[PDB]
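Novice: Given next are the chains, with one letter for each unit.
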Amino acid sequence: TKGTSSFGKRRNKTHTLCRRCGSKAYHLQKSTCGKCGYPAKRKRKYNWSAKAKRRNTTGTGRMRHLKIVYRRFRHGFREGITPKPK
Amino acid sequence: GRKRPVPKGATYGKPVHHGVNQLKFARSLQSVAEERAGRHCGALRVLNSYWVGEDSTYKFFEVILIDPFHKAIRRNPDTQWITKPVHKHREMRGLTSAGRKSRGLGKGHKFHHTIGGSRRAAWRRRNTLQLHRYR
Amino acid sequence: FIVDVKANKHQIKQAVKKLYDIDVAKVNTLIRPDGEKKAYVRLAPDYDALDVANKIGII
Amino acid sequence: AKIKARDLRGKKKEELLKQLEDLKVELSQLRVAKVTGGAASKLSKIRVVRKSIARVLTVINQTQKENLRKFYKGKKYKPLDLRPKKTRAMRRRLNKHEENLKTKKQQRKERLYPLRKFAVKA
Amino acid sequence: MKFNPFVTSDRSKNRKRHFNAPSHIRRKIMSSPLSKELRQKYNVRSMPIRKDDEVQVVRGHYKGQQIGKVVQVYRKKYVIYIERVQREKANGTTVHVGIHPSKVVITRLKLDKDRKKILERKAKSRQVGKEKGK
Amino acid sequence: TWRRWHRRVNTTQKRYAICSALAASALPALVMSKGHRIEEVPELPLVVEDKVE
Amino acid sequence: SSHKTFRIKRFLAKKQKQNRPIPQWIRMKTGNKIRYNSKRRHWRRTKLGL
Amino acid sequence: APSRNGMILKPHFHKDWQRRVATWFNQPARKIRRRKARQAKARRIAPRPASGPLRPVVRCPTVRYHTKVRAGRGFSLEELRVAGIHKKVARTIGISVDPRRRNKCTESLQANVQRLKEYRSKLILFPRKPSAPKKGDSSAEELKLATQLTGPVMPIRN
RNA sequence: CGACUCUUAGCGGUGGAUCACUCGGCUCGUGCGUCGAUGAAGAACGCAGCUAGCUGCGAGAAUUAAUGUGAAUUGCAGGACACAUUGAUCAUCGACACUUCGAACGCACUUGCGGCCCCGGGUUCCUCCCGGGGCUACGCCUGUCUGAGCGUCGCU
RNA sequence: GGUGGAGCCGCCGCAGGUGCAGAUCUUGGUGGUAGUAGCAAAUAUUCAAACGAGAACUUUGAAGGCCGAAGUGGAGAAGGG
RNA sequence: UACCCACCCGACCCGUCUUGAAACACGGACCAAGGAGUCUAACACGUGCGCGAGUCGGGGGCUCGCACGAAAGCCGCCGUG
RNA sequence: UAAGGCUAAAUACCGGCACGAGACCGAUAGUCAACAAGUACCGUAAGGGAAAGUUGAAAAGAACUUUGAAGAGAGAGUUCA
RNA sequence: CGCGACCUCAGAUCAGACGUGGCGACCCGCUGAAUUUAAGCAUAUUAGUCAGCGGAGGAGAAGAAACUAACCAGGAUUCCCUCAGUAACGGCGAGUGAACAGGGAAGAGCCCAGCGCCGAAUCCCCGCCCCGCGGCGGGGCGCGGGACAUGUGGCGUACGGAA
Ligand SMILES: [Mg+2]
Ligand SMILES: [Mg+2]
Ligand SMILES: [Mg+2]
Ligand SMILES: [Mg+2]
Ligand SMILES: [Mg+2]
Ligand SMILES: [Mg+2]
Ligand SMILES: [Mg+2]
Ligand SMILES: [Mg+2]
Ligand SMILES: [Mg+2]
Ligand SMILES: [Mg+2]
Ligand SMILES: [Mg+2]
Ligand SMILES: [Mg+2]
Ligand SMILES: [Mg+2]
Ligand SMILES: [Mg+2]
Ligand SMILES: [Mg+2]
Ligand SMILES: [Mg+2]
Ligand SMILES: [Mg+2]
Ligand SMILES: [Mg+2]
Ligand SMILES: [Mg+2]
Ligand SMILES: [Mg+2]
Ligand SMILES: [Mg+2]
Ligand SMILES: [Mg+2]
Ligand SMILES: [Mg+2]
Ligand SMILES: [Mg+2]
Ligand SMILES: [Mg+2]
Ligand SMILES: [Mg+2]
Ligand SMILES: [Mg+2]
Ligand SMILES: [Mg+2]
Ligand SMILES: [Mg+2]
Ligand SMILES: [Mg+2]
Numbered sequence: 002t003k004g005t006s007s008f009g010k011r012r013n014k015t016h017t018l019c020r021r022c023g024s025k026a027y028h029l030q031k032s033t034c035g036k037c038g039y040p041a042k043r044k045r046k047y048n049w050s051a052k053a054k055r056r057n058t059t060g061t062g063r064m065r066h067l068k069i070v071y072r073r074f075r076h077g078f079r080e081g082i083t084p085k086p087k
Numbered sequence: 070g071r072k073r074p075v076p077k078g079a080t081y082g083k084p085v086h087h088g089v090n091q092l093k094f095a096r097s098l099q100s101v102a103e104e105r106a107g108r109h110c111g112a113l114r115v116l117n118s119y120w121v122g123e124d125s126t127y128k129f130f131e132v133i134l135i136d137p138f139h140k141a142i143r144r145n146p147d148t149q150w151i152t153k154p155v156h157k158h159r160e161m162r163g164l165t166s167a168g169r170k171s172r173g174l175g176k177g178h179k180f181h182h183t184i185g186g187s188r189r190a191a192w193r194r195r196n197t198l199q200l201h202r203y204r
Numbered sequence: 098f099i100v101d102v103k104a105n106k107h108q109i110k111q112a113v114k115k116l117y118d119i120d121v122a123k124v125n126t127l128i129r130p131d132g133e134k135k136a137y138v139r140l141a142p143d144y145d146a147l148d149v150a151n152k153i154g155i156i
Numbered sequence: 002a003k004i005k006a007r008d009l010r011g012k013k014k015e016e017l018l019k020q021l022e023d024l025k026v027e028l029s030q031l032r033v034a035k036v037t038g039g040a041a042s043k044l045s046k047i048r049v050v051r052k053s054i055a056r057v058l059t060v061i062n063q064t065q066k067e068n069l070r071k072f073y074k075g076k077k078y079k080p081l082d083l084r085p086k087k088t089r090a091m092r093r094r095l096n097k098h099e100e101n102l103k104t105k106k107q108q109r110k111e112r113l114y115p116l117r118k119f120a121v122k123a
Numbered sequence: 001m002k003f004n005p006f007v008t009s010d011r012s013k014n015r016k017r018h019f020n021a022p023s024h025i026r027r028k029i030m031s032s033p034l035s036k037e038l039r040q041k042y043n044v045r046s047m048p049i050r051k052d053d054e055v056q057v058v059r060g061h062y063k064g065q066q067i068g069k070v071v072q073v074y075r076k077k078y079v080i081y082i083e084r085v086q087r088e089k090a091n092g093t094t095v096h097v098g099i100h101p102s103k104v105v106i107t108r109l110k111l112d113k114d115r116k117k118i119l120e121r122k123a124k125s126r127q128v129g130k131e132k133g134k
Numbered sequence: 107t108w109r110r111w112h113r114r115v116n117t118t119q120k121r122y123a124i125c126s127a128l129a130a131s132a133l134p135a136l137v138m139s140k141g142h143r144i145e146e147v148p149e150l151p152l153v154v155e156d157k158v159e
Numbered sequence: 002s003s004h005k006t007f008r009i010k011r012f013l014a015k016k017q018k019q020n021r022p023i024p025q026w027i028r029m030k031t032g033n034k035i036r037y038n039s040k041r042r043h044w045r046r047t048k049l050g051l
Numbered sequence: 002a003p004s005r006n007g008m009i010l011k012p013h014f015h016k017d018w019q020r021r022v023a024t025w026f027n028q029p030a031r032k033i034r035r036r037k038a039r040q041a042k043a044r045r046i047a048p049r050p051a052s053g054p055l056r057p058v059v060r061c062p063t064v065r066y067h068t069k070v071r072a073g074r075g076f077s078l079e080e081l082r083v084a085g086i087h088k089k090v091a092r093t094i095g096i097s098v099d100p101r102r103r104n105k106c107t108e109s110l111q112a113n114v115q116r117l118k119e120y121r122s123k124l125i126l127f128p129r130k131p132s133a134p135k136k137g138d139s140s141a142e143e144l145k146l147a148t149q150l151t152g153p154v155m156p157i158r159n
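Chains as they are written, first to last, in the authors' numbering: chain j, 2 to 87; chain N, 70 to 204; chain X, 98 to 156; chain h, 2 to 123; chain Y, 1 to 134; chain C, 107 to 159; chain l, 2 to 51; chain L, 2 to 159.
None of these hints come from the bench; they were simulated from the model.
You can take every hint at face value.
Only pairs whose alpha carbons sit at most 25 angstroms apart, straight line, appear in this in silico DMTMM-like list of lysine to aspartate or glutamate:
no. : chain 1 : residue 1 : chain 2 : residue 2
1   : X       : 134       : h       : 27
2   : h       : 43        : X       : 133
3   : h       : 122       : L       : 143
Construct all of the structure, not just a fragment, from the sequences and the given hints.
Specialist: Rendered as structure tokens:
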């Protein structure tokens with residue numbers, strides 16, 4: 002009865018949604034995520050499976066601070082100046 | 070000393086690799102002190118350290134730290150070389166007086182490993198084929 | 098009313114009042130399955146809904 | 002009839018807020034019209050109005066901030082918004098006195114022993 | 001031969017820089033030549049085509065001498081939409097047919113403040129190259 | 107990537123490779139027999155004035 | 002569940018709106034490759050991200 | 002498994018050559034990266050021996066090598082008080098100062114002194130300012146040259 | 001010629017090889033070497049007139065002002081405008097903006113609980129109460145204020 | 001010969017990830033089996049009308065039946081959404 | 001020569017391991033497509049070409065935005081080995 | 001000449017931005033990914049993780065008659081096809 | 001049964017700074033196997049490698065000898081060639097296994113502490129003005145603070161330096 006008859010009483014949840022990752026891996030009991038690991042200040046990235054690294058690195062997201070950095074550099078990082086008007 | 074941090078004896082694998090009690094840290098204790106003081110005051114940048122006192126169970130290392138961002142240091146030259154972002158935690162890389170002794174550099178017929186930049190960048194050079202273009 | 102989802106009742110009340118120069122007996126909010134907050138607003142008895150519908154343009 | 006940034010730029014702050022609040026109202030009604038059929042004519046405007054709210058609100062925060070960075074211009078101790086946002090490394094680069102400073106010992110050497118110019122063999 | 005590295009020459013890379021070029025650029029691309037009369041009068045070889053410019057088809061099924069006026073410009077399909085240039089569909093509903101600028105000749109430019117200054121500045125560049133070669 | 111792509115010749119080998127190429131840049135037999143359409147050409151080691159530079 | 006949180010409610014709200022077909026007019030866009038949605042869910046088969 | 006006459010061979014590929022192989026398809030672009038330095042440096046320091054400062058005659062060490070001679074690091078100190086050149090001045094005058102050489106013999110001392118004496122004589126000290134006073138060599142010996150010395154200054158031939 | 005069957009052929013499908021293309025890879029070079037508490041990287045949710053997805057953006061949300069550019073935009077609508085006009089669109093971007101998590105910062109993560117400052121209504125500080133704005137996370141440096149100590153003294 | 005619709009080959013050289021029947025080889029497809037196994041747990045359906053292009057299968061009525069209040073009855077949790 | 005058919009003689013199903021396979025050994029329904037001695041270093045002999053008590057090759061230099069060029073040319077380098 | 005300390009340059013660069021090229025692969029190859037690709041889907045989770053390019057030149061993408069409940073057809077029409 | 005210096009040490013939502021995550025090829029500390037290899041095998045090797053962990057930048061480390069040498073001597077670092085797959089290590093076996101000289105790329109050197117000299121010659125933070133303000137800085141003027149005598153500035157640092 003460890004199959005079908007037990008693929009049966011599966012009501013109650015271990016994992017839920019992480020507020021840092023986004024993934025469905027909050028351990029409710031341990032209150033550590035185990036995709037990023039939450040209370041742990043630092044992300045659990047991991048040199049370890051390079052596959053799971055290249056699923057969430059600088060690049061994959063939006064880069065909404067970042068993508069306009071490299072803009073600003075290209076052209077030279079100036080500020081508080083506006084092009085000559087008409 | 071240092072103690073192989075493994076569940077019981079259980080240094081799995083071959084009987085060379087098969088120890089735990091009697092074995093020593095690579096670095097010195099002074100450099101650990103520098104480590105941990107520079108690691109408290111992450112703002113501050115570690116310089117270097119004396120000895121103050123010892124016991125059978127500890128050693129008391131007193132450590133010199135600096136604010137890179139006292140104007141009393143940005144503005145005076147000589148001192149304004151810590152400010153620069155290269156030197157961010159000198160003690161974690163092993164650039165301190167004490168911290169460098171572990172790396173085992175010098176000139177001469179003993180500082181032969183570490184005859185590139187450093188211990189590692191010796192062999193990076195030696196365990197490579199220079200496979201030229203043009204053979 | 099559909100309402101901005103961070104709205105409280107005393108915000109929805111001092112909204113609906115401010116605008117359709119109305120006055121409000123009580124507000125009563127839910128969140129539609131869709132995330133849109135509804136809020137159905139009872140207007141004081143002196144004062145009619147079926148008129149203030151045609152003012153705000155609905156009907 | 003576009004509420005251009007021409008005609009706002011040089012106007013009083015309180016006047017803009019009325020014209021904003023004119024548009025805000027007007028937008029709210031265009032949402033109603035959307036639900037109550039309305040007309041294609043109205044269902045375009047809803048974009049023009051939205052954006053015209055920007056055309057306005059821009060000018061408000063523009064002209065505020067232009068103004069606001071004119072008090073503390075000159076004052077030393079000024080707020081973060083206005084402090085110059087290059088890059089963290091870059092705002093912790095040395096000052097531009099604090100590298101072209103030289104120790105007086107060194108100046109004394111730069112004076113007594115500067116580098117000549119010279120070609121040779123002639 | 002090309003030379004300047006800092007330019008491409010790659011079967012693919014400028015095949016790409018085609019049906020990904022923005023409407024900004026497509027103007028320059030969507031240019032057609034001027035007829036001998038204008039090419040004489042004005043000292044300009046070819047112009048960017050514009051909505052209401054009069055045009056003669058030169059190649060294509062229905063080439064001719066009929067000067068039709070341009071109607072609109074798919075800069076998306078990246079192709080122009082002219083006047084009696086049209087076909088009858090199954091229902092009678094006439095639909096215009098696409099033609100390039102490149103397969104068409106301008107017979108009357110629709111002039112303007114902004115378009116004149118180009119005609120000046122192209123003709124000034126032409127003559128500066130001939131005066132420089134001189 | 108570390109296939110031995112490029113190769114090797116002795117200077118002398120590849121100097122007297124040029125000899126043999128140049129010596130046969132005369133001899134209309136060999137030059138024609140590359141389909142080098144030399145029939146109305148006046149002479150074969152074809153020298154020209156230095157106006158041409 | 003009938004006792005939801007908000008965070009869970011905000012999910013399903015989103016997910017719910019993500020099921021609707023494709024507007025027919027899309028299929029007339031100049032350069033399509035799109036004919037049917039192809040990320041559709043059904044409660045019974047494929048069981049949410051939960 | 003050897004078979005019938007070869008060498009032994011301890012080829013050392015039991016480690017991991019594979020990961021850390023440097024191929025050299027930089028070589029020629031590097032050649033050029035370099036070119037542009039040699040090039041640029043010269044155009045920057047316009048009148049100044051392109052090769053670098055003057056550097057001393059010097060004997061190779063170990064017993065086999067004896068009979069050879071070199072550009073050494075820099076001229077000694079003992080060497081200079083003799084030529085009458087101040088060590089901190091020398092460094093500005095394109096004269097290379099090692100200050101770390103034990104001078105043992107009068108042979109290689111005067112040999113190497115003559116190079117400084119030689120240098121002085123064929124050196125056009127280009128004056129601090131245009132309207133400048135003593136020791137800078139005259140506007141004739143000044144017009145004549147813009148000449149970078151291509152190749153090693155006063156090259157040391159055995 | 002009875003039907004089935006096999007072979008071959010004449011054609012109908014099924015399948016999707018082959019070929020032919022190719023806005024993608026791969027490899028190799030060159031230039032530069034781009035983060036953050038002023039608040040990153042990462043996630044959540046939302047935003048189009050008709051829009052699910054990708055992509056783009058952020059309640060000022062299929063963008064903001066400006067400068068070139070210089071007539072489109074478009075699947076369909078709808079539009080202003082006066083195309084003698086920052087004047088459609090696009091690129092650039094430098095002008096302003098930055099929903100929610102997050103090193104995520106008042107405390108916790110339920111989405112609740114607060115503290116302390118201001119400004120509306122309420123009051124007429126009367127306190128709530130209702131409305132609005134600013135702070136409040138840990139470490140540590142220089143400085144300041146307030147202190148503690150049968151530590152070392154001094155004067156009483 | 002037909003169809004196909006855009007590119008191709010001969011010699012002299014040079015260069016390969018180079019020639020399949022096999023590896024319970026890899027992927028995709030397709031047969032025979034074969035119109036074969038099979039659509040068997042709870043005793044149960046029948047008539048009439050409606051609706052409908054089309055009705056054993058829907059609906060309404062009528063009739064026969066079952067669950068049979070420790071239920072196939074009426075409400076909830078977690079889960080489901 | 002090939003298609004069908006007809007006859008007369010011959011005739012076991014390939015692959016493989018195997019002293020011995022048609023095997024009452026194993027793989028193998030059929031078809032498409034993919035698919036297995038590759039590169040590098042080091043030797044060694046055999047051979048081809050250059051020069052020859054030398055001969056080289058780099059790594060360096062001098063000659064390019066390369067279109068061809070990341071080529072070719074040249075260097076008391078040329079021998080520091 | 002230690003027990004104090006700094007530093008350009010050559011030097012390294014499968015991450016980034018930005019480019020240039022090839023004896024390359026050419027959609028079961030080439031990166032997992034030519035496209036809604038780290039997408040769909042699976043696992044509680046670490047993680048696992050696909051398939052799928054091509055009308056024509058132009059939608060000119062069958063108007064209209066007709067059979068057919070409708071799916072489908074026959075004419076017709078479009079097309080160099 | 002006080003008040004006052006200092007020393008140590010607290011508290012401040014104090015004034016002003018700053019630290020923390022990520023990225024992570026290259027870069028630096030450490031840590032650290034086993035497959036594997038030896039026809040086993042534990043010695044050895046894989047290999048100070050992967051994971052783990054820590055740390056940096058436009059490059060990283062190192063660097064101005066407690067070096068090299070045995071010459072008739074050279075002369076910071078790193079890098080490429082070369083030494084050279086050599087000196088040695090090893091159930092001297094599998095493997096391992098560097099260096100010194102030369103040539104070449106590049107090539108720059110310098111700073112502290114102490115000994116002493118010099119009315120702390122110093123340094124920090126306020127207030128008022130003069131210029132400067134989209135990398136917060138000069139100029140002046142203030143019995144406006146404070147560190148510093150347990151020691152702040154100049155010369156000086158060994159190649160000599162001071163006098
Ligand atoms: Mg000094
Ligand atoms: Mg189910
Ligand atoms: Mg040189
Ligand atoms: Mg396929
Ligand atoms: Mg195919
Ligand atoms: Mg006391
Ligand atoms: Mg090939
Ligand atoms: Mg095949
Ligand atoms: Mg019963
Ligand atoms: Mg019920
Ligand atoms: Mg056997
Ligand atoms: Mg048998
Ligand atoms: Mg078997
Ligand atoms: Mg030292
Ligand atoms: Mg250092
Ligand atoms: Mg450094
Ligand atoms: Mg395919
Ligand atoms: Mg593929
Ligand atoms: Mg096909
Ligand atoms: Mg195909
Ligand atoms: Mg055809
Ligand atoms: Mg960090
Ligand atoms: Mg074995
Ligand atoms: Mg073994
Ligand atoms: Mg074993
Ligand atoms: Mg071992
Ligand atoms: Mg080892
Ligand atoms: Mg080893
Ligand atoms: Mg590792
Ligand atoms: Mg050395």
